[PDB]
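Peer 1: Below, each chain spelled out in residue letters.
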Amino acid sequence: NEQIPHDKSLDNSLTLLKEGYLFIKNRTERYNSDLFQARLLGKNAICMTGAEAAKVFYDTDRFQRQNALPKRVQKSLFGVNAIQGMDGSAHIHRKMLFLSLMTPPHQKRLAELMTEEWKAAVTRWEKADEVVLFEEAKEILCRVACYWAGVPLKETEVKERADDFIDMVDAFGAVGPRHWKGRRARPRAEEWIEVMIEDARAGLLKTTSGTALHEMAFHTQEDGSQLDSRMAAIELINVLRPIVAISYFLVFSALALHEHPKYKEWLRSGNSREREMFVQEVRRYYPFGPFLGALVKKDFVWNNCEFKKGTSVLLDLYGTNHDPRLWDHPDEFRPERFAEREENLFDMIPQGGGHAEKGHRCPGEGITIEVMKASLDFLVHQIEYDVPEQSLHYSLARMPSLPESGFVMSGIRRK
Amino acid sequence: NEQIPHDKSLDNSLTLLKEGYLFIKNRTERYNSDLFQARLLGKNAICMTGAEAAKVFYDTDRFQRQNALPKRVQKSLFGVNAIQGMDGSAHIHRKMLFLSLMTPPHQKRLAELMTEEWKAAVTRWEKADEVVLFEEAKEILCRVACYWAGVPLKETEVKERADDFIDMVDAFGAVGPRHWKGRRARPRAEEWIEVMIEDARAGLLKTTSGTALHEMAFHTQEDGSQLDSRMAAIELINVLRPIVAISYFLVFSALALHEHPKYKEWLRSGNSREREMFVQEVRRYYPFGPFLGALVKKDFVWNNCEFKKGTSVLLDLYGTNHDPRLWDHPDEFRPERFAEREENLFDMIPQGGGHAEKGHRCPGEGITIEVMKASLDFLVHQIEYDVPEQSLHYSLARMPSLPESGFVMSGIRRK
Amino acid sequence: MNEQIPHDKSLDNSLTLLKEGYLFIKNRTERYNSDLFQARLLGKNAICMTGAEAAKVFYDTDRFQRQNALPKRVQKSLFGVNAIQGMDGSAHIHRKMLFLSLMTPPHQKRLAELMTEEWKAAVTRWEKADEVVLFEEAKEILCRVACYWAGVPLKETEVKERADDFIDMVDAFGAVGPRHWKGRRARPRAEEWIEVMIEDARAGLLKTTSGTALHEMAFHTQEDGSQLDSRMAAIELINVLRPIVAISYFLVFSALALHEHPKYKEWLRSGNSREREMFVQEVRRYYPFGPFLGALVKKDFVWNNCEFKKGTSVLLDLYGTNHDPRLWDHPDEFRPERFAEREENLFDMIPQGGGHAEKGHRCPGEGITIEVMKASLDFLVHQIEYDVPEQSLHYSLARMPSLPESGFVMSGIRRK
Amino acid sequence: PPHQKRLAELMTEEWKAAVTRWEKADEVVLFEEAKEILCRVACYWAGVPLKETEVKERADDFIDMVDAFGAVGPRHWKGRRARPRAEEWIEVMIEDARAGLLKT
Ligand code: HEM
Ligand code: HEM
Ligand code: HEM
Ligand SMILES: CCCCCCCCCCCCCCCC(=O)O
Ligand SMILES: CCCCCCCCCCCCCCCC(=O)O
Ligand SMILES: CCCCCCCCCCCCCCCC(=O)O
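Protein chains in written order, with my numbering: chain C, 3 to 417; chain S, 3 to 417; chain V, 1107 to 1522; chain P, 694 to 797.
Be aware that a few hints might be false.
[Said to hold, decoys possible] Here are the simulated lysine-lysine pairs, DSS-like style, with alpha carbons at most 27 Å apart:
1. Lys77(C) - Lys77(S)
2. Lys156(S) - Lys744(P)
3. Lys1522(V) - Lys1132(V)
4. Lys300(C) - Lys73(C)
5. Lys183(S) - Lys744(P)
6. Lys1261(V) - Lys698(P)
7. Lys717(P) - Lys1465(V)
8. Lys20(S) - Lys749(P)
9. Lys728(P) - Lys1266(V)
10. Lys1415(V) - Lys156(C)
11. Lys771(P) - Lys1522(V)
Note that these hints are calculated values from the structure, not bench results.
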């Protein structure tokens, strides 16, 4: 009873597990429409793609994030009742706290700490037979994130803290044991950080003004009250965990360098401009965030479709980032496409669209870019290495997707 | 005043632990009364026995089940706040859900799956030195129950899941370590099944209409709302666990065939009619459910006893099944006593009395009988085996009870 | 307001309290020449005091309350959540009478005698062992005796685990990091273990005996006649079992005192119960255990030219008061003879609290602690001879609680 | 007879001391108490050092050898595994005693 296409399959959630990052795109292509209806994740939903749909998706008067996604994502990736599900001035108030910790001075400090760690790892890498970049990245990022945040990290817990952080990320689009590893990792990380929050509030743990642990421990909401120690820990996890999740992008950028070697000498000849272009294309080209979920706040009409209050809407991030209407040859890795490109908040949304200060767009975008640029500079200039025979293939069905090998490296030598 | 027999001892709960299935009958015999007063399980109680008392016990205007038993039974056998403690229209509404899953077609299906599994196990049994029927029964029943319910069950977890189910059953009448194993097994099973409920509601787990997992996940109460995912998991476990608990009756059936071999050829020359009589006598003769607890809902007088509102009342299941006024030679195993016998809902109550549709009587009675008939048919026609030297003794003080050896078999060969 | 009252203005005072421990308050009362100073401690603006006169005001229940006084960390490790230590008013007195009813002189005598038989039985094994750690031996014996006297079943294969969980809770009350987390994990294990007992008892499924701690906690009724929650009843029973095991600290300090002051061995041997009580009291006064106590100002009042505002945190220095030269001549010296002909006072000797135990929060186990210490000291003096080999007997005044590092390891043990 | 008397008197002291522990226990298995007491008494009388944290495992190893002499299968294999552990544990004592590094 509508001109809006309707997928009437009742197993669509299971097909989403089968198709992953291509579920919405396969159907927007099939139905010749930027939007279609489908029962997904237990809700009658509308899936939409494209920059114009992203513009509507980020209209906070038309869309809310509360109760948008199933509880399984909060219990694994986000944390229960955290910022991802907040709306109104309360969300903006808490969003300002996250943004205050991810300013360019923070981005520069984090990238510089990573540069030091990469250079120091060379002396052990030269003595190893093989090195898995994903494993080295997750442990370096965990060590750097905690140090930069004032979070104590003993050397005997680095691997278990980093694995717990990655287990949460690796579980957001999974069922069965991969999803359960994140469900068990989250309570350990929350208990671990909440103790620091309580010790800090009693003065029994030294904190430093301007760092994430201190600002989370002593942040006050709009009513002047502090966050519950568990919520303060959860929101600190929403800083430490995604910094470790940069490991995925670091492996993808290394895979892109390997699969497209002409950009290797192109990066050496250039400077930070060419590294940023490469890093932006890594974020646009490779999969990470599949889609975003929202609920319709008030009845409205857009693109000849009636959005009723309460219906779930999913915005295809991967499809928008591979839209031929916005990107020429979208399925090709071409860093040159970002040369002299005007800033657009809705055609490139691997970490969200719109304004971070007025919406749910990722505030760690700058940190992600600067850490990637520094890690790319290290791979290009500091060391030479072989990429031995391995399964470099990554599955689009799997969410999040990662090359099975993890970019194993051998024959590592300093330049 | 009452002037009804009164056991004035203060350690009666400890005496119930040492006398078990005979505690109520020892005192009804001693007091020459169908009922007596006593302080049991921390409550001033009245124990009663006989079919007439069973008729009164199942008057839902006179009796309720809410708050009738200590919390220890919920936290081990039943689950907290499940069907066993419900009253009124809400209980009948949930009771219809269970009954819809245990109709004769379900009984036939479960019995047929059991036959197929028994026959396949012969190849393994012929190669083994000894086989413990109890351990084989619980694992087969667990795999058959989960497959029939639509509950996924990996081969690497069949033993643990079946052990967790049996631990809950083996703990309902225990104190100390035996009871604690059921207190620890219950949260494991609830968490295991609850994940399935939430995954099914999100469409991420395939379910099939008419199976237990589906019907529990999408059952709606009187107000049209579905159960909490934990409640739905608890009530699904109230289907899976008692199916595994049939292992007790299967072991007792083999013990009856061994201790009274005159019935082996009697069953051989007979058919389903003789298997019914044998299976029914196994349920009447051997102990399983000791007694049932209820609370007096309103003041009433029965058998010259004034039942005050709120007092605890225990109905002797075991003693009623061995009542010489209802069964000739009640302490003898005589399957022929069920030859062309009319339906009586209160003289034979090993799995409750009254109407299962209008009360708390076990809805799995038909499933239990049909699975027992199939397993008995298998032991009689399909294999020959030795019963080596073992302790086949079972204690009437241990609740639940089981032959100590578990009817270990050897020399197994197909026929 | 209180600009005259001295004021430590450091922002890291909670961290300095961790590194100074039992000496944090005395260092500043000596520094400021005052029984009173202000400081931000444990996340609250506080006033620290010391001396017998300060203790008198601290135990004025109209001026001070215990609810919300300490951080929740102490409840989650030592006390238990919402237990007797944080209660005020008639409800506190009611539950306090329950504890006192289990720690009367008949209970003190029973526990002390149970200790004596266990010490004597241990000699047979001690003679066959190369070395014996008194701290490890005490906590096991104290746990076995406390559970037996309380009616708490204790399997032989769980004695070490239960005793370790009790000490983990005690050893964590003044710590941060791993040492504190051990108590944070031990408490749920102990609470769950005891709560099943409370549930089985209330159902008649576990035998209890009137007059024993397990029975009295399981069937204690509040002012409104209702029973405690099964979890709360277990928590308060642990507030009896655990502190009995905690006597292991005092037992090691007593043996440390005999070794470090050998002249009192013959003094005790040539004496009787009088000299043992004097030695035991001096062990409690001289050695550290209870650092300070916390309370909230119940209502506005003025004392010692200081304005106490309702809600402000106040910490009473137990250690410093016990070493106050105004009350004890040569206070930093172990002199058991100082307790001969000592007038009984409720505010100058406060290692386990001050005031009246029946009208305040003073430790009701003081009598049990003394009687068990006397019997243990009697055994160490008359029953056995032993060597104290080379070991680290040092105990840090910054570590809360404190213990000689070795735990007074003994060797060459033989009967007398 | 002097060695017999000494071992019996050591046993007597151990039985008497055990009563304090037995009075607080719900149950006591005589076989398990006898094997541990005998192991401690035998080692002490022999001059063999025996830490309290190893009494159970040393006594278990001793009984495993005895309980295996007329058995086949797992019961016999327990003794076949306990013997190398006990032989190695005692040969180190012989080694140290002959070097004067263990008091005898
Ligand atoms: C590895 C690279 C990253 C990717 C692909 C990514 C992606 C995303 C996506 C898709 C969202 C949801 C956006 C929305 O709802 O509109 C998000 C939100 C968020 N991200 Fe990231 N992110 C990354 C790195 C980071 C880092 C390193 C941090 C922390 C320093 C971070 C912090 C956050 C926070 C706090 C939010 C919630 C923002 C809010 O709800 O207002 N992210 N991110
Ligand atoms: C092994 C044989 C079994 C025995 C001895 C047994 C016995 C009992 C007893 C004594 C009750 C309590 C009756 C009452 O309160 O009046 C009961 C209830 C119940 N049984 Fe069974 N049962 C058996 C098998 C099963 C099986 C195989 C299932 C599931 C397929 C099952 C499902 C239930 C349920 C759902 C209830 C609760 C009914 C209600 O409260 O309305 N039982 N059973
Ligand atoms: C025999 C073992 C012990 C038992 C059963 C015991 C019991 C208790 C109880 C029940 C309380 C709470 C009283 C209240 O809040 O009203 C308490 C408080 C206290 N106990 Fe003990 N105790 C024992 C040994 C000790 C020892 C050896 C010390 C030495 C450090 C000690 C020091 C304290 C302190 C400082 C308080 C707090 C006093 C206050 O808040 O005013 N106790 N004890
Ligand atoms: C099939 C399950 C449904 C899929 C749920 C998708 C969850 C949307 C959020 C994805 C954000 C990307 C995560 C990057 C790492 C981080 O920021 O923690
Ligand atoms: C300590 C006294 C016992 C407490 C009262 C026991 C009441 C429960 C009786 C239920 C018998 C049937 C249990 C087997 C089937 C199942 O798994 O549910
Ligand atoms: C940050 C320092 C903690 C504050 C001090 C908390 C209470 C100190 C006094 C209690 C000492 C009692 C310890 C032995 C008895 C017991 O086990 O309760």
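Peer 1: Would you mind marking each hint as holding or not holding in the structure?
Peer 2: Now for the hints, and whether the structure bears them out:
1. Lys77(C) - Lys77(S): Holds - the C-alpha atoms of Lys77(S) and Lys77(C) are around 25 Å apart, at most 27 Å.
2. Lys156(S) - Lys744(P): Distance ~46 Å between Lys156(S) and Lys744(P) Cα, so the pair is violated.
3. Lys1522(V) - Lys1132(V): violated (43 Å)
4. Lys300(C) - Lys73(C): Judged against 27 Å, a Cα distance of about 23 Å means the pair holds.
5. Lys183(S) - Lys744(P): With a Cα-Cα distance of about 33 Å, the restraint between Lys183(S) and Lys744(P) is violated, given a limit of 27 Å.
6. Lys1261(V) - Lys698(P): Cα-Cα ~34 Å, so violated.
7. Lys717(P) - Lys1465(V): It is violated: about 35 Å lies between the C-alpha atoms, which goes past 27 Å.
8. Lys20(S) - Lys749(P): violated (32 Å)
9. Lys728(P) - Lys1266(V): holds (21 Å)
10. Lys1415(V) - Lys156(C): violated (42 Å)
11. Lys771(P) - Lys1522(V): violated (43 Å)
Of the numbered hints given earlier, the model fails hints 2, 3, 5, 6, 7, 8, 10 and 11; all others are met.
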